[PDB]
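Visitor: Here is how the chains run, residue by residue.
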Amino acid sequence: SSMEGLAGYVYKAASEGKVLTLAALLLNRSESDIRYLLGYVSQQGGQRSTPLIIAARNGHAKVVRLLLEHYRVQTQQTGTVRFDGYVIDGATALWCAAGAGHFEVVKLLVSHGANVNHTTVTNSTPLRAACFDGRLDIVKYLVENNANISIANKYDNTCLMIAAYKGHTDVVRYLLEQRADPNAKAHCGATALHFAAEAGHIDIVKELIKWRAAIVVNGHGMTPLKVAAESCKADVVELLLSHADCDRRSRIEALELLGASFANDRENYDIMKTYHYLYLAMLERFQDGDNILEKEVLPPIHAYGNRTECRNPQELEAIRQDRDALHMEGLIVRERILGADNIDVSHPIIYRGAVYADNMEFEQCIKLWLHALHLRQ
Amino acid sequence: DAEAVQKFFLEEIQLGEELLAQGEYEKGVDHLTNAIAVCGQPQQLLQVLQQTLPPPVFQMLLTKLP
Amino acid sequence: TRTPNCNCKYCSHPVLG
Ligand SMILES: [Zn+2]
Ligand SMILES: [Zn+2]
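Residue numbers (the authors' numbering), protein chains in the order written: chain A, -1 to 375; chain J, 62 to 127; chain E, 15 to 31.
Isolated chain A, as found in the complex:
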C-alpha cells in the first residue's frame, strides 16, 4: 500500500533528523494514521526500529520533541538495534539514548514520562547502558529520576560490575555512594572486585576496598587475588595482599600464580619477574624448617618435557638461568593452581607453542598444542 511507503518516508525523516519534513509528512493526519505511521516497525540495516527509537538512537532531539509534544507517541514501544557489532532485541528509545549518549534525548524522554527501569531481553536497564559507556551525567540523571541501580541483567551483572570492568572510576564511586551493594554476586559468584582485578584498574580496587568489599570465591574457584595474579596485574596483587590478611597458603598461591603467568603472557612477558615471584613463594614456603609448606605437585606432563614442578629452593635455583625451563615451570604452575577448576588455561600454552614454532622448534610446539587440545576435551 502507499501508506506503507509513506511510513517509510516518515522513518527516513526521523532517522536523518529533518524535523520540518517529518512534521510535513505527519501533518493533519488522523490519530489512527498517526499511530500506524509511528508504530510501523521498519527494518533498515539489520535494525527493526520505529521512528521514535531510531530518532532517539541517532540523537535527533528536536525530532523526539516534535513526536512527544505535538503527538503522543507511545513511550514504551520497543525495537531491535545494533551497537557496533552487538544486536539488542527489545530496546526502548530511552535505552538507545542512554547507550549512544544523547543526554538531551534522555531528558526529553524521562520528563515526558518514560519507563526509566524498562528492561531489555537481556534484562539491561538504560542505567546499565550508561554505566557501560561511562556517561556519568546520564547515570546521575537517571538515578535522580528513580532508576533502580540494583536491577541486574541476564547473567546477574549489575551496573557496578560493568562500570568496574570498563574502568569508569567516578561512576563506580557514585554508585557506591548511592548504596549500591559492592558484594553483589553474578550468576557464577563473581563480584565487581573480580572484574576490576582482571582489567587491572587499581583505583576501582582501592575504592571497592574502601567501601568494605568482601573477597568471595566465585564458582570458578578464584579469589580476586587469584584473578589479579592470573592476569599479571602485580599492582592489584600487592594491594589485595596488603589489605587482606591472607593466610600463607593463599599468599603463596597468589605469588606462584603471578610469577608463572609472567612466563607465557604475550603482553606482560617478563622472565625475571617470573623467577622473582616463584623464588619468593618458595622461600616463604621454607621460612620455617619445622613447618614447611610443601606443594602437592602434579604428575609429570609429557608436553612440558616430562618435567616435575620444583619442590624446594635448590630445584628452583637449578633452573634460574634456563629460560625454557622457566617457561615450562610457568605452564606447570598455572595448570596446578587453575587446571582443577573449570578454567580455560590453554591460551598461554598455545602462545608458547607459537613462539617455539616461530623459532622453528616444531616438536615442542606440536607437543604443547596437543596438550592444550587434550585439556579442552
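By construction, these hints were calculated from the structure, which means they are not laboratory data.
Where is the CB? At the ideal position from N, CA and C, for every residue including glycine.
If you only want the chain A side, here are some residues facing chain J, beta carbon under 10 Å, derived:
hint	residue
1	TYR7
2	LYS16
3	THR19
4	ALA21
5	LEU23
6	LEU25
7	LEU64
8	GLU67
9	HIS68
With chain A held as given, fit chains J and E with the ligands onto it using these hints.
Guide: Coordinates of chains J and E with the ligands only, in the frame set by chain A:
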C-alpha cells in the same frame, strides 16, 4: 491535481530544510512560504516552526506571510 | 571477542550473549 499538490508541498519543505541548514535563510524562507501557501491549514505547521527555528528567520517568514 | 552481557573472563558464554 492532488498528487502534484502533495509532492510540491513535500518538495518545498525539503528545499527549505536544506537551504536553512546551509545558511541561505531567505531562499529557504521563500520555499517554506511556497509550502505553507499550498497547505490546507498550516496551523500546527506555523506552531512547530515557532520552536524549530531561530527567532529572526521566523520573523522573516511571518513577514513573508501573504 | 567476549560476551558483553557477562564481564567474567572465566565463564564460557557463546560470545553473542
Ligand atoms: Zn564467571
Ligand atoms: Zn558468566
